[PDB]
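Given as structure tokens, the chain that follows is alone and in the form deposited without the ligand.
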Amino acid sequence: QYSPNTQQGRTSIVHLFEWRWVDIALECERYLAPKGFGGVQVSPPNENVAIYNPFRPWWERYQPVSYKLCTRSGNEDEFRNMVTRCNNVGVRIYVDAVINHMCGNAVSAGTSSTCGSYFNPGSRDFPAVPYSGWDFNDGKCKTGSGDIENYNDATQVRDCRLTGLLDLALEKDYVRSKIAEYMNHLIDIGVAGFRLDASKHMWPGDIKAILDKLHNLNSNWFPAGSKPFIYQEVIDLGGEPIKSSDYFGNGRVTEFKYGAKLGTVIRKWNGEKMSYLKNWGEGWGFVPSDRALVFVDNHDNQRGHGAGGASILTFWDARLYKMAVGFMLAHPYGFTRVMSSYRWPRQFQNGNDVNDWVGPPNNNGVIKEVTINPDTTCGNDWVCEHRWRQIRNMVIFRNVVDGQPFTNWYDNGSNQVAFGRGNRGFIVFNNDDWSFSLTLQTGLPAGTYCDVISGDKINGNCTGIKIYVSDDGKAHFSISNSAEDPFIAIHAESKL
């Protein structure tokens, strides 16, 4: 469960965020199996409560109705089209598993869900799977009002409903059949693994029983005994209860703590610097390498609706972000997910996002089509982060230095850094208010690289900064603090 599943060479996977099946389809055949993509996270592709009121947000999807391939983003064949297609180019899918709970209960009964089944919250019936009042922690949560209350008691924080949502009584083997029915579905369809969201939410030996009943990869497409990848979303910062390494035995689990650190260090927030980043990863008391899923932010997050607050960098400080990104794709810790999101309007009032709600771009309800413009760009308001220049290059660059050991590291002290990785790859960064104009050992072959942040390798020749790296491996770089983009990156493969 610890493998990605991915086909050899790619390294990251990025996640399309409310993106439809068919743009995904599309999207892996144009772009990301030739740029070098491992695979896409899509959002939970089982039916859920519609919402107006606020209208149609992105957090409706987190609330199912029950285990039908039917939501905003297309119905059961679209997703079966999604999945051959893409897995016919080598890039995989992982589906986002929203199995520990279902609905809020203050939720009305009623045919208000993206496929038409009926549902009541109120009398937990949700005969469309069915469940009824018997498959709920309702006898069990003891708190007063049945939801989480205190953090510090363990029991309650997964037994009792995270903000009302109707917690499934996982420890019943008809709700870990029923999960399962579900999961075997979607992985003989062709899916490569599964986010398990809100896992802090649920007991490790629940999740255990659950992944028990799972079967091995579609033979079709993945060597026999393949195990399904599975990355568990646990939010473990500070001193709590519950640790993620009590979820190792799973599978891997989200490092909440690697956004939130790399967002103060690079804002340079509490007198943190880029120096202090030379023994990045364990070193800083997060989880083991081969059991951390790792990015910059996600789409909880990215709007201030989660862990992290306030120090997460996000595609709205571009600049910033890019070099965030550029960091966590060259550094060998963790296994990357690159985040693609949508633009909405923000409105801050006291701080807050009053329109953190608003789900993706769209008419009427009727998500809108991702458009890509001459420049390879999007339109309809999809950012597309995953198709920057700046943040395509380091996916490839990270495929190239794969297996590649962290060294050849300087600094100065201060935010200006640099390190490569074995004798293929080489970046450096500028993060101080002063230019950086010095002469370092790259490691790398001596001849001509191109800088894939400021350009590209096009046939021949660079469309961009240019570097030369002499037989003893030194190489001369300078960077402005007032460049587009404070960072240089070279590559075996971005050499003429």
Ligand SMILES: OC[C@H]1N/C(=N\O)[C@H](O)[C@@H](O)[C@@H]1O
Second form
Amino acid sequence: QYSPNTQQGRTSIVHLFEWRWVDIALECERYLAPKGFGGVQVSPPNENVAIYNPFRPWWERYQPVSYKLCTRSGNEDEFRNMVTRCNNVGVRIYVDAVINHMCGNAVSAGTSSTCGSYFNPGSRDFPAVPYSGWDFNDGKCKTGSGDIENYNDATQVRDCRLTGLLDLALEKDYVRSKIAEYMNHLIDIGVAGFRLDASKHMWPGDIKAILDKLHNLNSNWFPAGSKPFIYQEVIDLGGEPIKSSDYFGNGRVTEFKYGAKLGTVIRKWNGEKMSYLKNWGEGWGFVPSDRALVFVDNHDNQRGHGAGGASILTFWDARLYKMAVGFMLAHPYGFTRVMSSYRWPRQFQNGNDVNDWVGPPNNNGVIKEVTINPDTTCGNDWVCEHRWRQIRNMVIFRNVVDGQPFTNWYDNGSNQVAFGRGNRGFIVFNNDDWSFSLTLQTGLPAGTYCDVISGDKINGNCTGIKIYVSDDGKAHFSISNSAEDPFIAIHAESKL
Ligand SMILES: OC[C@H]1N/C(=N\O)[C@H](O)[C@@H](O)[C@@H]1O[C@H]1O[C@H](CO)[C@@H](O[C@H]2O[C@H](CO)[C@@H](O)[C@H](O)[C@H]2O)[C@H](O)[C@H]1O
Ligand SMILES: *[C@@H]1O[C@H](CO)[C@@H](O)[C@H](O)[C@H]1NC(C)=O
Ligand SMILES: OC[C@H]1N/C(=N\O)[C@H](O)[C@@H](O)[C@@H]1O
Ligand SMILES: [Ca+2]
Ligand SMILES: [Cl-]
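Give me the form deposited with the ligand bound now, not the form deposited without the ligand.
Okay, now the whole complex, with that chain kicking things off.
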């Protein structure tokens, strides 16, 4: 559960949020594999509630009805087709496993689901699994509302309903087996791992009992004895009885303090500066590198639904976001996850977004296809951050510098920083309100290098800035605070 199971030399995964299976399959072949992306985190593939008030929100997918592979993203045949085509081209598939709960208790009984399966939240009947009232935590929860009321009581956070979501009794072997049957069906299809949703709301021992029932990965693509990659979503910002370290024996954990602090540093909040990033990682109270799944923003906090607050950098903050994603992809700490989103009509009323519910670009409920524009960007309101030159080239930078140590740090005591990754890469940042013009030590061999941020290396030449490294590793870098991208990155493969 700790090893990504990605192809050797591919170091990042991308969250293709709300994308259809046929579009991910095409993306695996046309972009992800040629550009060196390791994998894809997909939205929940299991049947969910079709919520019409409000109109088909993104969050309806976090309300399971059954374990049938039938969603707005596609059916079972389309899912298998995607997994097979992606694996054959070396791009892994990771499933967002929503296993803590079923739907909200206030949801109406009927067939208002993505595959037409009947369900009754009131009587706790989900015949398509099958689950009954005996499979839920209604008698185990000791709160007066039945929902989670206080986060200082570790027991209720696990045994009660997260905002009304019917809590599955995970101590029961029947419930563990039904979840394992679902996860094993997916492993055998070819998925490389899972995102365990709402892990904070499940007991570490209960998760371990479910993982013990899991198969090794499909031996047609993976070597014998390969265990599925497990990354648990535990939102731990400190100061709670539940720690993300309680989950280390099961797999990796999502490090939310990472995106929160990188956001405050780059926005320069509370006097924080980039020079403090010298000891970035464990020195800041984060989980150990080999247990961390890192990201700048996720599907939740990019629209204010998880934790991190107003500090979180998203595609809306384009210029600062590319620097954050650039820093993340260059720094050795943890396993990296790149976000790929869609544009929604943000509307701030009293400091908060009233349109945070808005689902994926659609036509009367049917999710729109990802159309490709002539400049490699996406149409139909898909932002496609993974396709932006600055982000795409930084994904390749991480691949080229894999295994190299953190060396040659420089800082001006403010926000102009720089570091190298052994003898394979170097990156410089300028987040100050003045220009940077200095000669720094790189650790890289002599030659002419293309800046992968301002341009590309197309047939023996650079389309952007050129950096000249001398015999002793020194190189002059000139970055203006007025530049579209106030950072320069050069690596072993961008060399002329
Ligand atoms: O997996 C359950 C949550 N835990 C998660 N990680 O721990 C997901 O990342 C997050 O997206 C999920 O909440 C999302 O999915 C929930 C179910 O759809 C939404 O709740 C919604 O449904 C509830 C029950 O019907 C309502 O009470 C609530 O007001 C309504 O917003 C919630 O706001 C939305 O952030
Ligand atoms: C690179 O481009 C420049 C013009 O920008 C040109 O002078 C030079 O010959 C090109 N190099 C090669 C190797 O073609
Ligand atoms: O306790 C942290 C945070 N963690 C959560 N789940 O793990 C909740 O969705 C959110 O409501 C809660 O505030
Ligand atoms: Ca629970
Ligand atoms: Cl996450």
